[PDB]
Structures are given as C-alpha cells and as structure tokens.
Amino acid sequence: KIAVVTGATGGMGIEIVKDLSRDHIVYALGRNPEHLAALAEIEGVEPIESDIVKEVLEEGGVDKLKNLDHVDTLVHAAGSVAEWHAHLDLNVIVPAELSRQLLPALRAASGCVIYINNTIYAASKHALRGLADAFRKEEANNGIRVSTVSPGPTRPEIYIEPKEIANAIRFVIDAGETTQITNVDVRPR
Amino acid sequence: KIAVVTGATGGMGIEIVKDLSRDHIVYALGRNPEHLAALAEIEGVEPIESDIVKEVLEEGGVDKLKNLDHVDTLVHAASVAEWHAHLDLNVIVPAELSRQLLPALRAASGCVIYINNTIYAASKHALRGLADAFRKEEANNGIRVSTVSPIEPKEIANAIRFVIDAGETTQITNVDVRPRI
Amino acid sequence: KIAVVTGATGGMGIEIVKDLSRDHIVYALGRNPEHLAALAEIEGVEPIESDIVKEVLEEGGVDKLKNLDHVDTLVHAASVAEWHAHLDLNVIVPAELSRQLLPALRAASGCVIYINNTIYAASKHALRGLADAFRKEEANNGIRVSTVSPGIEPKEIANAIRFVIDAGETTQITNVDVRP
Amino acid sequence: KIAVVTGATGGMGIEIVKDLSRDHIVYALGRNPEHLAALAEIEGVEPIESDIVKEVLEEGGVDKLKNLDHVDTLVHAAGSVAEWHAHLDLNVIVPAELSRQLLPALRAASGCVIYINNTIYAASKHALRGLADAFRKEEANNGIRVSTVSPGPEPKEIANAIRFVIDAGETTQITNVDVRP
Numbered sequence: 004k005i006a007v008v009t010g011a012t013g014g015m016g017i018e019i020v021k022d023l024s025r026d027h028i029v030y031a032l033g034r035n036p037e038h039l040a041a042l043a044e045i046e047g048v049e050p051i052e053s054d055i056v057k058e059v060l061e062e063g064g065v066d067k068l069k070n071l072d073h074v075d076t077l078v079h080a081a092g093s094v095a096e097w098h099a100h101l102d103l104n105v106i107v108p109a110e111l112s113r114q115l116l117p118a119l120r121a122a123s124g125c126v127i128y129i130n141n142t143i144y145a146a147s148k149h150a151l152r153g154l155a156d157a158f159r160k161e162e163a164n165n166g167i168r169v170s171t172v173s174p175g176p177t194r195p196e197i198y199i200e201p202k203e204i205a206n207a208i209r210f211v212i213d214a215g216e217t218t219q220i221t222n223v224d225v226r227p228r
Numbered sequence: 004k005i006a007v008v009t010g011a012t013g014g015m016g017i018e019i020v021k022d023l024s025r026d027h028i029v030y031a032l033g034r035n036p037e038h039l040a041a042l043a044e045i046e047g048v049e050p051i052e053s054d055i056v057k058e059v060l061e062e063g064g065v066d067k068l069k070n071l072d073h074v075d076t077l078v079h080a081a093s094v095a096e097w098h099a100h101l102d103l104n105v106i107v108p109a110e111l112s113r114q115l116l117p118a119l120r121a122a123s124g125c126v127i128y129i130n141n142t143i144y145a146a147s148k149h150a151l152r153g154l155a156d157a158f159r160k161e162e163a164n165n166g167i168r169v170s171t172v173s174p199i200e201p202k203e204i205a206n207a208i209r210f211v212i213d214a215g216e217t218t219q220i221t222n223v224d225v226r227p228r229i
Numbered sequence: 004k005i006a007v008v009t010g011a012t013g014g015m016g017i018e019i020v021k022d023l024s025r026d027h028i029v030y031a032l033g034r035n036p037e038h039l040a041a042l043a044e045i046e047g048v049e050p051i052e053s054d055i056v057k058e059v060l061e062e063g064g065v066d067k068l069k070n071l072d073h074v075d076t077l078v079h080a081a093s094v095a096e097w098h099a100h101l102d103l104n105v106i107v108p109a110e111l112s113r114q115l116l117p118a119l120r121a122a123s124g125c126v127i128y129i130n141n142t143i144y145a146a147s148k149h150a151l152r153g154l155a156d157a158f159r160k161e162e163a164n165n166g167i168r169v170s171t172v173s174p175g199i200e201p202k203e204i205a206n207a208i209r210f211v212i213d214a215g216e217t218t219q220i221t222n223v224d225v226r227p
Numbered sequence: 004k005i006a007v008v009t010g011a012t013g014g015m016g017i018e019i020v021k022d023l024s025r026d027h028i029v030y031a032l033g034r035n036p037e038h039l040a041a042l043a044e045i046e047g048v049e050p051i052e053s054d055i056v057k058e059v060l061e062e063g064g065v066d067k068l069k070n071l072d073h074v075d076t077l078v079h080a081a092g093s094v095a096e097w098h099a100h101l102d103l104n105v106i107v108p109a110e111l112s113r114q115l116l117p118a119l120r121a122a123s124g125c126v127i128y129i130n141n142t143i144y145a146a147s148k149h150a151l152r153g154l155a156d157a158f159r160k161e162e163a164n165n166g167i168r169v170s171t172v173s174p175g176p200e201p202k203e204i205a206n207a208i209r210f211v212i213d214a215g216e217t218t219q220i221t222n223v224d225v226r227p
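Same order as they appear, the protein sequences are chains A, B, D and C. With the deposited numbering applied, the first sequence covers 4 to 81, 92 to 130, 141 to 177, 194 to 228. With the deposited numbering applied, the second sequence covers 4 to 81, 93 to 130, 141 to 174, 199 to 229. With the deposited numbering applied, the third sequence covers 4 to 81, 93 to 130, 141 to 175, 199 to 227. With the deposited numbering applied, the fourth sequence covers 4 to 81, 92 to 130, 141 to 176, 200 to 227.
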C-alpha cells in the first residue's frame with residue numbers, strides 16, 4: 004500500500020512514517036536532511052527533500068509523487094501580512110492543492126486523507152477544518168475517507200507525545216469499511 | 004483494572020465487554036439475562052442484571068457497585095413520557111451514575127466515556153453538554169472524560209479501546225464515528 | 004397579531020410583553036399574581052395565572068390558550095431533583111407547549127423564539153438541539169424558529208426579539224448571540 | 004460618528020452605506036467608479052476609489068484613511094491556487110489587516126468592527152469566523168466590540207442587521223447574527 008506524508012521530518016511526521024512503514028511504502032516529504040537520511044534507513048521509506056509550498060503551489064506538483072497512480076494514505080503533517098501568507102499557504106492551501114493533485118490516485122485506491130489540525144492561528148485552523156469537511160462531502164461517493172486529527176491545549196499541546204498522533208492515524212486508517220473516523224480530538228494529560 | 008459498563012447486553016455493550024475484559028475486570032450492567040449469562044463465561048466478567056434508571060435514580064445506587072474503591076473506566080452505553099424516558103436514561107443516569115462513582119474514579123484517576141426527531145436532538149446535545157462540563161469539574165481531580173459520537201458495534205469497541213490506550217501524557221477527548229457515506 | 008410569552012412576569016418577560024403589546028394582543032403566562040395584575044394594566048395584554056410545568060406537561064395544556072385561532076409570536080422565557099426541575103422547565107415545556115400550539119402557529123406562519141452547572145450546560149445545549157430540530161421539522165409548514173442566546200438588561204433581550212420578528216420579507220433571523 | 008465600509012459599491016455595500024449615512028460620515032471604499040459617483044450623491048458619503056487588496060496588503064494602508072483619529076464603525080463587506098489566493102486574500106487577510114491598521118482609530122472611539130460572512144468557500148467562511156472570534160478576545164479589554172453577520176442557505203436586510211448591531215444598549219453587545227432566506 005502507498006502512503007504520502009508531509010512534514011515528515013517534524014516530531015509527528017517521524018512517528019507517522021515509522022508507523023505506516025509497517026504496511027505501506029511511504030513517501031516522506033520533509034525539510035530536515037539528517038532526519039530524511041535517518042528516515043531512509045527504514046525499509047520501504049522513500050525520502051523526498053522538498054520545499055513543499057514552492058513545489059505544491061508554485062510548480063504544480065512534487066515530481067517524485069507524480070508517478071503514483073494509487074495513494075492509500077495521505078497525511079498532511081506540514092510583518093503580519095507575510096505571516097498570514099506563510100500560515101495559510103502551508104496549513105490550508107497546500108493540503109487542499111496537494112490533495113487535488115493526488116485526487117486521481119486517491120480515488121483509484123479509495124484512500125484516506127488525514128489532516129493534522141493569535142488571530143492567524145485561529146483562522147487557519149478554522150480554515151483547515153472547513154476544508155476537511157467540504158472535501159469529505161465532495162469525495163465520500165468516490166471511496167475517499169477524510170479525517171481530522173485535532174491536537175490542542177488542555194496544558195499546551197506541545198506536551199502531547201508525537202507517537203499518540205501516529206496511533207491516532209493508525210486508528211483512523213484501520214477502521215472497517217462501513218465506517219469513517221472523521222475526527223479525533225487529542226489533548227495533553 | 005476495573006471497568007463498569009452500562010447497556011452491556013446491547014450490541015455495542017457486548018463488544019465493549021469482550022474488548023475491555025482483555026485487561027479489566029468488567030462489571031457489566033444490562034437488561035438481558037441470557038446475554039448476561041453468556042458474558043459471565045468471560046474470565047473476570049461480573050454480570051449485574053439491572054433496571055438502570057430505577058436503581059441509579061431512585062434507589063441511589065447499583066448494589067454490586069457499592070464496595071468498589073477503584074474504577075478505572077466507566078462507559079455509559081445504556093411523548094412527554096418519551097421525553098422522560100430518553101432524558102432519564104440518556105443524561106441523568108450518566109450524570110448520576112458518574113457522581114455516585116466519583117470517589118472510586120478519583121481514587122483510580124479513571125476515565126469516563128459517554129457513547130452519544142426532537143427528543144433525539146435534545147438528548148444528544150444534552151449528553152454532549154453534560155460531558156464537556158463534567159470534564160471541567162473533574163479536570164483537577166485526575167478524572168478524564170471522553171465522548172464517542174456515532199454503525200458496526202465493534203467499531204465502537206475499537207474506538208473505546210483507542211481512547212483508553214492513550215499514553216501517560218495524552219488523552220483522547222472525542223472521536224466522531226460516521227457511516228462510510 | 005397574537006402573542007404568547009412564558010415567564011412573562013420575570014425580568015425579561017415583562018419587557019418582552021411591553022414591546023410586544025405595541026402591535027400584538029399578548030397572552031402573558033406567569034405565576035406572580037402581583038406582576039400579573041401589574042401587566043394586565045397594559046392595553047392588549049391578557050394575563051394568565053398558570054403553574055406551567057403541571058399544566059403543559061401533566062395536564063396536557065394551558066386552558067386559556069386552547070382556543071386561539073393563531074399565534075404569530077411564541078416566546079419561551081419561562093442533584094436528581096435539580097435535574098428534573100430544570101429539564102422539565104427549560105426543555106420539555108418549550109418542546110411540549112410548542113407542539114400543543116402547533117396548529118395555531120401553522121395557521122399564522124408564526125415565529126417561535128427560545129431564549130437560551142453540569143445541569144446548566146446540559147439543558148442549555150438540549151434547548152439549542154430542540155430548537156434546531158424543531159426548525160427543520162417545521163420549516164416546510166410555514167413556521168420560523170429562532171434562538172436568542174444570551175451569555199444584560201432585559202430590555203435588550205426584548206429588542207433582540209423585536210429585531211427578529213420584524214425581519215424583512217425574504218429573511219429569517221435564526222439566532223442572535225447576546226453578551227454583556 | 005465615523006464609519007468605514009469596504010465593498011461600498013457592491014449590492015450590500017450600497018445599502019449599508021445609505022443606512023449608516025443617517026448618523027455617520029461614511030468612508031466608502033470601492034472600485035466601481037460609477038457607483039462611487041452614484042453614492043457620492045448621498046450627503047455624508049466620502050467615496051474612495053481603491054484596489055483594496057493592493058493598498059491594504061502591499062502598500063500598508065488605504066491613503067485617504069490615514070487621517071482618521073477615531074473610527075466608530077468599521078464594516079468589512081468587500092478551483093485553483095489562484096482562486097484560493099484571491100478569496101483568502103480578499104476575505105480574510107484584508108479584514109484582519111485593515112482592522113489592524115485602524116486599530117488606533119478604533120480604540121480611540123471604542124468602536125465596533127463588523128464582519129459580513141466548494142472547498143474554498145467553506146474554508147474561507149470558517150477562516151473569517153475564526154479571525155473574528157480571536158480578534159474579539161484580543162481587543163475586549165481595549166474597548167472594541169466585534170460582531171459577525173453569518174448569512175446562510200435583500201441587501202437592505204443586511205443593512206438592518208448591522209444597524210441592529212451597532213445600536214445595541216450600553217450594557218449589551220451583539221456578537222453574532224445568523225441570517226437565512
């Protein structure tokens with residue numbers, strides 16, 4: 004089975020790549036070159052060094068993902094004005110447009126798309152959430168499952200072990216066929 | 004570990020008891036005596052035949068639950095007259111049954127899981153308010169509160209198993225389960 | 004125009020009945036006989052002493068409302095023991111009173127407006153779930169449903208109610224969040 | 004009083020501008036040069052030709068608004094990567110930045126900001152709402168009121207809702223109004 008994971012070199016993505024590599028060849032898109040090397044030590048992990056906003060939004064797609072004709076699992080773990098653009102580009106537009114570019118392969122595999130969800144932070148997380156829900160409704164008939172795993176504070196969210204996010208992802212994709220786990224709310228203890 | 008499950012002879016309840024019995028002694032409260040007998044053949048399963056409204060609301064407690072000093076997991080899976099039936103069973107019973115088990119839950123720092141027409145709407149929102157507010161009240165007392173908001201019965205048991213398997217630093221406060229389409 | 008207001012003798016009720024009396028005959032339900040007497044002084048206001056839980060729920064009706072041929076505006080402003099009282103009064107009564115007046119509401123294409141600790145959370149969400157579902161059930165039958173969700200001078204609530212029912216021909220105001 | 008209204012030449016904008024001109028001088032931003040002249044025929048309306056994304060986002064302010072030391076009422080009424098950028102720029106980033114830029118004038122007047130609320144359309148309407156609700160919390164202590172008008176499945203009726211919002215009592219805020227056909 005085929006998995007694509009963005010933010011693969013962040014704390015969460017590393018744990019997500021290790022989990023999915025049990026039963027998927029994983030395309031792990033990431034920024035950190037040492038983690039990427041470390042990741043390629045895992046069998047069936049295909050590291051892709053990538054500046055994701057530039058590749059997804061400016062160049063029309065990540066070349067090394069272009070040949071995939073079935074994707075089973077796609078996990079999106081990647092002044093003020095410049096700050097708005099940076100956040101919205103990376104947290105909302107890239108998941109939407111990367112999912113669109115992989116759409117044919119997602120339909121073909123009946124895959125699962127999982128999103129990991141100040142004024143700018145509130146807006147983009149509320150944005151990402153409306154994207155997820157409307158996408159889900161657009162694609163349910165095509166066999167695509169859409170899910171949001173939502174970390175947040177109880194205290195602050197950084198105290199969530201990243202492996203628990205990987206487990207949340209594993210729980211979502213493992214759900215039986217008559218089911219969609221559409222949302223999982225995650226908080227520190 | 005000690006688990007208390009209501010609605011234990013419903014489809015959901017049966018699969019929840021089968022799964023929780025892997026690592027818990029399970030006090031299974033339900034209506035159907037034959038399923039109760041069946042469940043009792045599961046190592047550790049304590050069947051309690053119960054009319055839950057009456058015992059919990061009027062009698063002030065379920066008898067076979069009174070000498071427990073630890074509860075690690077409590078799962079609530081159990093027209094004017096209809097309103098009274100729904101609201102009594104969907105809301106007050108979970109509120110009141112949690113209250114009565116509060117000491118054993120704090121002592122265990124345990125987990126409370128609530129499995130979520142016009143009566144149907146108000147009860148499900150009512151259950152959701154109860155849970156989120158009970159979470160706030162018992163946050164500092166070491167009790168964790170979780171909703172499963174739903199479908200194949202085992203998928204519910206899986207969701208419960210995922211909730212309580214959370215590590216030492218995390219909790220799963222809600223899981224939405226929907227039909228495929 | 005005909006109007007029915009519960010908890011009409013509480014702070015909000017009083018102001019709601021005054022404003023509504025400008026263009027409505029108002030049937031004002033209360034238990035304060037002195038405020039009820041007081042209210043009756045206003046033209047167009049016809050007061051009704053009622054033990055509303057007992058009447059709506061246990062006797063299936065409030066007698067003095069039974070004969071109305073339409074209701075243009077209905078406004079709902081009226093421990094285990096604590097669970098029962100609040101749920102009875104905050105949720106079941108508006109559900110049941112509303113059902114009981116269904117034929118008058120349908121006749122007028124009227125407006126139903128609901129004014130929205142563990143108990144307090146639960147009933148306030150129950151009330152909101154009721155209103156939304158009720159809205160969907162009756163949308164096709166001419167009835168408009170609204171909530172006022174105050175999280199305040201009662202006159203402000205009355206103004207919120209007035210703003211809702213006076214809304215244009217093409218528009219419904221389905222919810223208004225009011226804060227201190 | 005002083006009002007700033009974006010999208011003044013749009014169908015909503017015109018009726019919001021008319022209603023506000025009763026008790027405000029209205030800075031009415033738009034691109035339509037004929038409708039701007041049309042509106043200029045309403046006394047108390049000082050129209051302002053503008054490419055608002057460019058001026059607010061690139062240039063760091065709308066010129067003809069830089070003099071304002073008080074603003075009472077600010078009203079924001081203005092499937093490809095490019096579509097995403099167009100919509101989110103206009104509907105989210107503009108309102109946050111414009112509000113930020115007028116933040117000194119708004120604090121001085123203790124004024125109110127009103128936001129008038141397909142994968143792109145869901146994402147931006149949720150974004151604006153999240154923008155508005157965090158903004159409100161940020162500025163509550165500084166005396167600014169924040170309100171949303173959330174249309175759903200006649201422009202004058204939007205103008206009326208806005209009038210309802212700004213006219214609220216001394217002790218009361220109207221934070222949100224859900225509107226439907």
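Just to be clear, a hint being listed does not mean it is correct.
[To be verified] Restricting the straight-line Cα-Cα distance to at most 35 Å, the calculated cross-link-like pairs of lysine-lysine (DSBU-like) are:
#	chain 1	residue 1	chain 2	residue 2
1	C	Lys148	A	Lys148
2	D	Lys21	B	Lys202
3	D	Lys21	C	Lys148
4	C	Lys69	A	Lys160
[As the list claims (entries may be wrong)] Sample of chain D residues with no beta-carbon within 10 Å of chain B, all distances over it, derived:
#	residue
5	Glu46
6	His98
7	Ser147
8	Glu161
It should be emphasised that the hints constitute simulated quantities derived from the structure, not laboratory data. All C-beta atoms, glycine included, are put in the ideal place defined by N, C-alpha and C.
Quick one: which hint numbers does this structure break? Sort them smallest to largest. Of the numbered hints given earlier, those the structure breaks are 2, 3, 4, 6, 7, 8, listed in rising order.
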